[PDB]
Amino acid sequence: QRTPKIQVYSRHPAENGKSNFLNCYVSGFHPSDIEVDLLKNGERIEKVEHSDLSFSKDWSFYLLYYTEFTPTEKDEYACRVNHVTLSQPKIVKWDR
């Protein structure tokens, strides 16, 4: 089994008050079942979409989870990942 790598970032350079996309890219993991939530101030964002499951040359899987958003200075964002390799969910904050 292989544990997921996690990157949290935006589609475009972030500017407060401008619509963007918040991305959580999970990769390098095996097997393929995985739980990913995007969080705003600690609460789960509803209706997040994701890419179709594919894999890299070393057979590990990758997925992109994403949602439209408008960043502000107050709001904190994060991605929360659970996988069989993880005792408890891992939370990675969006480094603005």
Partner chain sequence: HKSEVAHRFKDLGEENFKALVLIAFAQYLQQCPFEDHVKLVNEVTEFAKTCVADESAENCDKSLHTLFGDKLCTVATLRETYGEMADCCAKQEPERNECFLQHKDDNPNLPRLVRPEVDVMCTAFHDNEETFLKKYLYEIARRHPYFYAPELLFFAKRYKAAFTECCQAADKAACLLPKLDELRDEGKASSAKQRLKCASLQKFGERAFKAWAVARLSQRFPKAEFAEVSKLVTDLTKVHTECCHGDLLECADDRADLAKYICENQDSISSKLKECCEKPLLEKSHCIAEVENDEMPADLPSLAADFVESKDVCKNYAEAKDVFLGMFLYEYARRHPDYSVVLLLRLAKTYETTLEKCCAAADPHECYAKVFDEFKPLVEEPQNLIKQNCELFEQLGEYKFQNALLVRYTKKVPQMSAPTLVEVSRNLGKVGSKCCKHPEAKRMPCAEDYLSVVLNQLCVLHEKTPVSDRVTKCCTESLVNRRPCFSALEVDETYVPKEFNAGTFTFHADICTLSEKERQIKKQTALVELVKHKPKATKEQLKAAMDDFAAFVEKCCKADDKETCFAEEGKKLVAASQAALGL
Given for the second form:
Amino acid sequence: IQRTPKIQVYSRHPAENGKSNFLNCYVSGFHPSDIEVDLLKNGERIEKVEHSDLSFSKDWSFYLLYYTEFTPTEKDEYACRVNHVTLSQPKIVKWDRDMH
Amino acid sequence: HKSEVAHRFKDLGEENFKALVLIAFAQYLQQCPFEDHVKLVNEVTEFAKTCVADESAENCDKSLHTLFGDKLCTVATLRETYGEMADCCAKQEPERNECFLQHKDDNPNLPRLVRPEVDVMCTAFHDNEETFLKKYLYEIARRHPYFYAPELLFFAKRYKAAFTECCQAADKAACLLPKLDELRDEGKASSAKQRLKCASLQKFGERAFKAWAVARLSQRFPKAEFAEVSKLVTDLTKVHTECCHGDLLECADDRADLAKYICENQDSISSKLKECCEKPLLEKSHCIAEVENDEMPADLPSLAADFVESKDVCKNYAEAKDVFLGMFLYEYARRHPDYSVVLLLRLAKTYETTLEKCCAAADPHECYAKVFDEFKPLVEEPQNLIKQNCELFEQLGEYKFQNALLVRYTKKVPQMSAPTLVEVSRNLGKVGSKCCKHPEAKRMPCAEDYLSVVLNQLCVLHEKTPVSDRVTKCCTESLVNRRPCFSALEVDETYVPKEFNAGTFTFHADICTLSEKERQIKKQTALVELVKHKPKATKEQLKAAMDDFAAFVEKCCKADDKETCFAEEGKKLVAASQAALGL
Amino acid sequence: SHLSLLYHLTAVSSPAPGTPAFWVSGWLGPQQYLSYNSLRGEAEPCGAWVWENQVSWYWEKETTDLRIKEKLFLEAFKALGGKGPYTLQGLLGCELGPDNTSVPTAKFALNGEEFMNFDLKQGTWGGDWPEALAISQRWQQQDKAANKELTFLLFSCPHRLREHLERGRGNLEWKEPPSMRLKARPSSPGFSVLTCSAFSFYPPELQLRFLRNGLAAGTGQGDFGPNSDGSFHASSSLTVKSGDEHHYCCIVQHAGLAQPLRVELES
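Having seen the form deposited without the partner chain, can you show the form deposited with the partner chain bound?
And the full complex, kicking off with our chain again.
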């Protein structure tokens, strides 16, 4: 079977301008497990990202947490970009600063 | 005898019979509760009594392992509780017995033994003396599944005597706790030595064990002729083969016959035995095993005459190679009672290797004329090792000495887990207080002897769940070269280091509440983890990173929001640790 | 409620180079305690479980058992041929119960669909597809495989689970209350969206609700996800009319709070 990823973007702690923090890109509910995830700062790929182990839910769909250390500022825009066999083109979700 | 169970019950008496059967059950089925074992033991013993009354009665002819295995498998078929022991119960003898022996757990995960208050112990003793002593046998036996069973009977007799006397004393704890502490220490030593005897016999064979026994008895009985040593060694090999195979009733019976043989032949063995041989049975056997060495013959020739110079050296060797090497070990050992036996065995192995090569050669006498020179380095390497380690020990003290050995063994065996490495380093570090305090001259024999049992304990556990090929090689190649083999291990460059990540140091607030023996294990665990991130790290790099760790802990355990401090500071410690290690 | 030790196993028939053909994550309830993959070949503790006061050979035993499962999972692809790619997953584990009981789980899925289980009463793998038949036979025909699975599920899993309850109580009873924020932004003309956000909390059970005038205004639409350390994030959003934002507050229930906490809009 094939399953399309869900993508959420949120910070680990409440963001404050100029304060170090972590930004998460949580990708879930997908199958097969091959997946490509980049975190972006003003449209540019962030190198220093890590991820938790690829794991899976009771319905056997996979999930994956990507995250990166970041220091948000008023002007900076962050995003998560995901490609998967189920998608025509990469899907970009923007960090919404806790305002959905 | 048409009934082995009747034979052993008769030879041993009911009290020792029942105690040995309880030991046997507790050692085979270590997770089984005390009350279940007492029930089975009592059933077995009543049955035994019907065979004594009538050796022809039903099932009285069956083998001990058939009877005892059958009893155990009334409860051990439950895989939920007994694991693979349920598969042993699927087999028949003799396969069943070997399967139980393979599954004896050298690392049972059993509750620490916390002594109750003396008044409480004395009340339990008084309220039900037999049950109290059975619990003692059961708890020791199940934690030490190779404890030498007939000696455990004597521990129990001393344990009973300590309670009998001290529970009626004015200061009960000051009479009792010293006695219990001496027995506990003696028991740990006895257990470790027996585990190595059983490993030698089971993994290396009777020749290896006999070499050990010849050397050791020759030190203790240097005036005995070689033929008498050889006879005692044959006797003693059967006793320990039987105990290590789970044949505990036979082991105890044969040990009693050996003690009587010795006491009836003192003039052929040693002049130090008179008092031992006047004690009752268990004290007698114990006393014989501990007695001091006889004085060696006043004027012994050099070994050169018979093993170097004589013209028939290769002649005698080739017609009875192990007898000739045995006499070499007997002659060398009786002249050197202060040597460690394992070193003596390395000398005999070197000698053997030299005769194997040279007696094929053109002129043997010239090929092996300097063989005794090869012994000088074999003595020197161990002495330098223990000198270095005792200096380090006296500079560093106990905890930091352990930490240095922890780093050394993580570098050697990074495939082991932190808990394993911590425990290995703790056991190795006790060599510090056990041996470095002795006179200079006794330090190296003490250490070779103690390290042999520590490494063997590591080896018997590694064999069941192996993780380093280098450990497997050191454990299986040759028993007598184990300690040098482990010493030679350099940092393992095949180990792929752990990578640092944002979660490498993830802690919760629970660590701020611990006893700093608990905090010590956290620090030790951290030291293992740092080495695993850079196996070649230096002492200075490690000290810098551990100082960071300690400041991180102090910072966050004072904080108003502790979990948040730990979330925010963990990744900072990761960055500082990487730098400290040079990445 | 009920504590579970569950292993999530995955194998793929055509891994990208330098990615593992087989990998395992082990979970104590919602916490990942264990990681294993076929490139490194050792089981390792995760997170705070690195510091667990654990016994010697615990981890070496986890490693030993998972190497055996690795080999089985990769053999399964040989018993299929077909063409692929294949993904084979297994959920293996234990859950503790009333009178000192343990209830095991042993399910497998192929290309995302459950297709096989291990029957503990029979000691066999089975399922009804042809792929289940092929794989279950290949494993059944492997000397001692079914026997080790019986021990893994009926004995080792519950004993591991009980070990961690004893020795890892600090980790299992961790409590971290959420840090809370309530924010608004315009949506369509005439509407605003109110978002109540819960940051970095443990355990994962948490309820968010909106109030007005002291009375239920609605749950809003919620979402939920992990942070890297096994704490969690949650938010819920409610659509309200423009100009009404300040009439609403958010209430959060969580085990880390002595009582429900009311959360007010920030400007």
